[PDB]
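Trainee: This is what each chain is made of:
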Amino acid sequence: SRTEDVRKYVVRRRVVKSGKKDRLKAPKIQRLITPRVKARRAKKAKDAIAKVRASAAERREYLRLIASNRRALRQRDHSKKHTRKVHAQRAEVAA
Amino acid sequence: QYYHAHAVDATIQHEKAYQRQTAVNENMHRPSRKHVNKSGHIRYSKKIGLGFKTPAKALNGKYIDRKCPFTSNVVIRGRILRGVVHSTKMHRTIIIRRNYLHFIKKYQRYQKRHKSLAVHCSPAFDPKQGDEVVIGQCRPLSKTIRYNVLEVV
Amino acid sequence: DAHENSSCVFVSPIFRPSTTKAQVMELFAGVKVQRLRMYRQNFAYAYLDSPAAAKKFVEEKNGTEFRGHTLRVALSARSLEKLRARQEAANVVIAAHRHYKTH
Amino acid sequence: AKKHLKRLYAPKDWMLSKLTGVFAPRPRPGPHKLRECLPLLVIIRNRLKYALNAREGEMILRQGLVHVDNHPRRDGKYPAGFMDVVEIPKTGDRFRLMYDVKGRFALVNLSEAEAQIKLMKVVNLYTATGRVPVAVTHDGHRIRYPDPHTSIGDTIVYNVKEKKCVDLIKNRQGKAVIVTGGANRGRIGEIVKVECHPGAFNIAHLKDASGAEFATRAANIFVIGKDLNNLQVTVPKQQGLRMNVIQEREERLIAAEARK
Amino acid sequence: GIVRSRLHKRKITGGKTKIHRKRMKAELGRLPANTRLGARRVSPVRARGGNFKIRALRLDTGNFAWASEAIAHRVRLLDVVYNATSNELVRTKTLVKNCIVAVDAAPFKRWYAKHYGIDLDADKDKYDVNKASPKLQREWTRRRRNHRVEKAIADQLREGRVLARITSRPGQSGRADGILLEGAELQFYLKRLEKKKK
RNA sequence: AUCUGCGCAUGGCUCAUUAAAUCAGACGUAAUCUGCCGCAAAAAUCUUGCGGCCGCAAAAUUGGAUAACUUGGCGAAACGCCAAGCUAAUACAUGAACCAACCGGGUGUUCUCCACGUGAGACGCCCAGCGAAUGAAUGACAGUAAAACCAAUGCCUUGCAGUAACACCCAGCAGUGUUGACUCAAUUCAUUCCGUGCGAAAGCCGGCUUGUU
Ligand SMILES: [K+]
Ligand SMILES: [Mg+2]
Ligand SMILES: [Mg+2]
Ligand code: NA
Numbered sequence: 151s152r153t154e155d156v157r158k159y160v161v162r163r164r165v166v167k168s169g170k171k172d173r174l175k176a177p178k179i180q181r182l183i184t185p186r187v188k189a190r191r192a193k194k195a196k197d198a199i200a201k202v203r204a205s206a207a208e209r210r211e212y213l214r215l216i217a218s219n220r221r222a223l224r225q226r227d228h229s230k231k232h233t234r235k236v237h238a239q240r241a242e243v244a245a
Numbered sequence: 006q007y008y009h010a011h012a013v014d015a016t017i018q019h020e021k022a023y024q025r026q027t028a029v030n031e032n033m034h035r036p037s038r039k040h041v042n043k044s045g046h047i048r049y050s051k052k053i054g055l056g057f058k059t060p061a062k063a064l065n066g067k068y069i070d071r072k073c074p075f076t077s078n079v080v081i082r083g084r085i086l087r088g089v090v091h092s093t094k095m096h097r098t099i100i101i102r103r104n105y106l107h108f109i110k111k112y113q114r115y116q117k118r119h120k121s122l123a124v125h126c127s128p129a130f131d132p133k134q135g136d137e138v139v140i141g142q143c144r145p146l147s148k149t150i151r152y153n154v155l156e157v158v
Numbered sequence: 130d131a132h133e134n135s136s137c138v139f140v141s142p143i144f145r146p147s148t149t150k151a152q153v154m155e156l157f158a159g160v161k162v163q164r165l166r167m168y169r170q171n172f173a174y175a176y177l178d179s180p181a182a183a184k185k186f187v188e189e190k191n192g193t194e195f196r197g198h199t200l201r202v203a204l205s206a207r208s209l210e211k212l213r214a215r216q217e218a219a220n221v222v223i224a225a226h227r228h229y230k231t232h
Numbered sequence: 002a003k004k005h006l007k008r009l010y011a012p013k014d015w016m017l018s019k020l021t022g023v024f025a026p027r028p029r030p031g032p033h034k035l036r037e038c039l040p041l042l043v044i045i046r047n048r049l050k051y052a053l054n055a056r057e058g059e060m061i062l063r064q065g066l067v068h069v070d071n072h073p074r075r076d077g078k079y080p081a082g083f084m085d086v087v088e089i090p091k092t093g094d095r096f097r098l099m100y101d102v103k104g105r106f107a108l109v110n111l112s113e114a115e116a117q118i119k120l121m122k123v124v125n126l127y128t129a130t131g132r133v134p135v136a137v138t139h140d141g142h143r144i145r146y147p148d149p150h151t152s153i154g155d156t157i158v159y160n161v162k163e164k165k166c167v168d169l170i171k172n173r174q175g176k177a178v179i180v181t182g183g184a185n186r187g188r189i190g191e192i193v194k195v196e197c198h199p200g201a202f203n204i205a206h207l208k209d210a211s212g213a214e215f216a217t218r219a220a221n222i223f224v225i226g227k228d229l230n231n232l233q234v235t236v237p238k239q240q241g242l243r244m245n246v247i248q249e250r251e252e253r254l255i256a257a258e259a260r261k
Numbered sequence: 002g003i004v005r006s007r008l009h010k011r012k013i014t015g016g017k018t019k020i021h022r023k024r025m026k027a028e029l030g031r032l033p034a035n036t037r038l039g040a041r042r043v044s045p046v047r048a049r050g051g052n053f054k055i056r057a058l059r060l061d062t063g064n065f066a067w068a069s070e071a072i073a074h075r076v077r078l079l080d081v082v083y084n085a086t087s088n089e090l091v092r093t094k095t096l097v098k099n100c101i102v103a104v105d106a107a108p109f110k111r112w113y114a115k116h117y118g119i120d121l122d123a124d125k147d148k149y150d151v152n153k154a155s156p157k158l159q160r161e162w163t164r165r166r167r168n169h170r171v172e173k174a175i176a177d178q179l180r181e182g183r184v185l186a187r188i189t190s191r192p193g194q195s196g197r198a199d200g201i202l203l204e205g206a207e208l209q210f211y212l213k214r215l216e217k218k219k220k
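Chains as they are written, first to last, in PDB author numbering: chain SG, 151 to 245; chain SU, 6 to 158; chain Sh, 130 to 232; chain SE, 2 to 261; chain SK, 2 to 125, 147 to 220.
All the pointers check out, no bait thrown in.
Calculated pairs, BS3-like style, for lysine-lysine (alpha carbon to alpha carbon, straight line, at most 25 Å):
1. SU/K67 <-> SK/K213
2. SK/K17 <-> SU/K148
3. SE/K164 <-> SG/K201
4. SU/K21 <-> SK/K220
5. SG/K230 <-> Sh/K211
6. SU/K21 <-> SK/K218
7. SU/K72 <-> SK/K12
8. SG/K201 <-> SE/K162
9. Sh/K150 <-> Sh/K184
10. SK/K23 <-> SE/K3
11. SE/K176 <-> SE/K194
12. SG/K231 <-> Sh/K211
13. SG/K235 <-> Sh/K211
14. SU/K21 <-> SK/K98
15. SU/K52 <-> SU/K67
16. SU/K120 <-> SK/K17
17. SE/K4 <-> SK/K26
18. SU/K21 <-> SK/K219
19. SK/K217 <-> SU/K21
Calculated directly from the structure, the hints in this document are not laboratory data.
Given these sequences and hints, build the entire structure.
Mentor: If you want it as structure tokens, here you go:
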């Protein structure tokens, strides 16, 4: 069943040699992912979303700078126009 | 009720396939005045660089030329040479001659030499044999043409 | 801060094409208003008699639902006396411009 | 696809003797061009003398002991060209690659807060997907959001540690520039005029500290400061001042005599 | 194999070029697709660089655009009616770029009815123009007050099939997209088609 | 050992061919392709496990092969070969909802208002990723001054001074790519992509402190 240890049921073959000691050979369990592997896999997605959010923040910074520069130019121009217009209206009042 | 469409120009439509510029759509009902000449038609005409003026015939003409540097995707790049018209017997193509003197070192004297070139002449120009022209290098338009006429002097 | 002492108030959202001046007035009932201005950006400016009343309106009308919309109310730094002074200045200029046209 | 590079075909500025071998380390593609780069093997063996041969150079490099622009490089064929900051933390080397008046590569020693700064000449500007303005520099960097006043030819001051731009120097008349290619390579002067030829190469005329006028194609200049005195980077010993050859010969002879 | 080099060509002087090298893979050519009108069938071709060209051997539908309305619809190709190169390319029903075809006008009629509230078929599954809400009716008059349609196009939509011009290369892209003929281009090609029938 | 990845298009050799050829200096490619390598970018994707399409939950516990090997071999041999049994991959195939944004286009005989429709606002549902195809639109301007009137629309107040734009939730979140030149970069809208594209390799290894971040 799921949630059951697999390493306990793996096939172990017996090698017998003259003298020496009995050897037990078991395969390396492939595709068996531990909690460490799960942490790595989740960290990948976390990093991806963090990078995309950081890029969006950088775009917001650049757009704010551009819009602020345009705003400053606009209100400088309008202040100069207001000064010219008020000088024009001063002459208009009382001929 | 119904949109009155433009008529077909019988003096331009002679090629058994409709002649049109591929940069603009002449069939749009409300053009945007970006590509509109003084006659109200839809013409694509770009400004090539190097301080070369777009001819008035290129701006307000009726001709269709897929290889004209002013009304097509042909760009001018590389060499800008100068020559005299030698032959005008092809269609939309002229032969120019570049006459120069080559210095022979041993005898310390020059000798006259020439180099014929096949050049594409847009309908915006009407050069005669012996006229003096400026040509700009473009991409291969045929097996011999690598230059386009930019101005007739 | 230039808003705490002021008697002007900003209230959003008020959709002029869907709300009448009297309909905004029934929301603004209970406090006397010198004038009420509605703008295309779906917001209104009101100018109350006293800064105390203007302040008391804000925390009691902030977050409440008006015409099915959650509503935000803030203290505005503009002043009705400044508006009246600017209109008084502009009226003579309007008259002078009208005379200049017929000159 | 060529993999080899003969010693005779190798650039002369590498200073590789023609009798030592037949081949030279071919620079791998990367930041700088093959003709305008100094490979890390050459830097670590023929310049710093840390490695007696290519084997020891490989043992040094494959450990990541040599950092170029705050990043360890394990390749001895890495280009590692102009304006690059090369630091060996184990020996604390910290030198920048520049040009001297003779046109040869020079290792200008740096300090802290100066090894963190690198100058980059903007060679291209284009809009990437999402309408993102990107500036491409002379070392292959692609700056994702440069200064709105950045234009092709201007230089930007880059913080290699923080990976951010800190200042922009426009390419205007009166600015201080160093010549990057040609016969005047390594010389430092101020722009007095830039003759513009549409369709062809622009010609920048420069004048150095001594007042000697010299010209070069506008693609060979590199802005390094707002004035000939206020430079934004440290330069080699000669300060980009070309000396008369006769005077240099007599001075060298006098110094050699004074030594003995 | 097939090559695209100028070595086999005679010089402008009339001389014969003496070839001193073998043919190269960087100058090769390939056999044409000869795309016909039929059920869709394509074959990939590994071009230089690893990319793929979809050599279409047969095509039946495609994306055809009403340019004056800035829209496009996927319709069936009913016929090919004119080729400038030769009439053998019309007999064999060969689909090439800039060839004139007849397509299905039902999607264009339906879009016209949905967008402007005008039913071409009515005056002579289908959309109902009387079902629309009166907010959409105000939408229709705003659109209708700037735009007028051509009688030549409207007549074709009523008939059920409308002439079109292929704007894509089927032997390279693998698809047959196009544009509806309008204006002087429609009147040019209609005259050629009348010459054939008489 | 054998799968897997990469290289083997370099180097070495020779000078037979070869005169609008080759080559040299000087230029192009805005007519193109480009693995390695540099600096970057990436919000498409209904998956999984449990109970009865639904419900409930979520560190996604994905699936078939097939070598080496073994067995029986064929062939005079052959940098020759069958057939059957194993068994993996960063080989091959498959596949990840939520978290998780901004922004647009089309609509509903949808409701709520307001006026008696260029109304407004919710709500529904249909699409809105990169790359590609076709079609429209951008990709600026730069050779003139004043009043009227009408319709709408902003304000001022209850007639136009004054007034970036914009009917809330963003009161400046691009009104501004590049070149000598572009049908180019990029953006938006319409419709399309059928393998002939697109994983977080469903990958590996370390540290520590030993961590469903
Ligand atoms: K292999
Ligand atoms: Mg036939
Ligand atoms: Mg070789
Ligand atoms: Na025909």
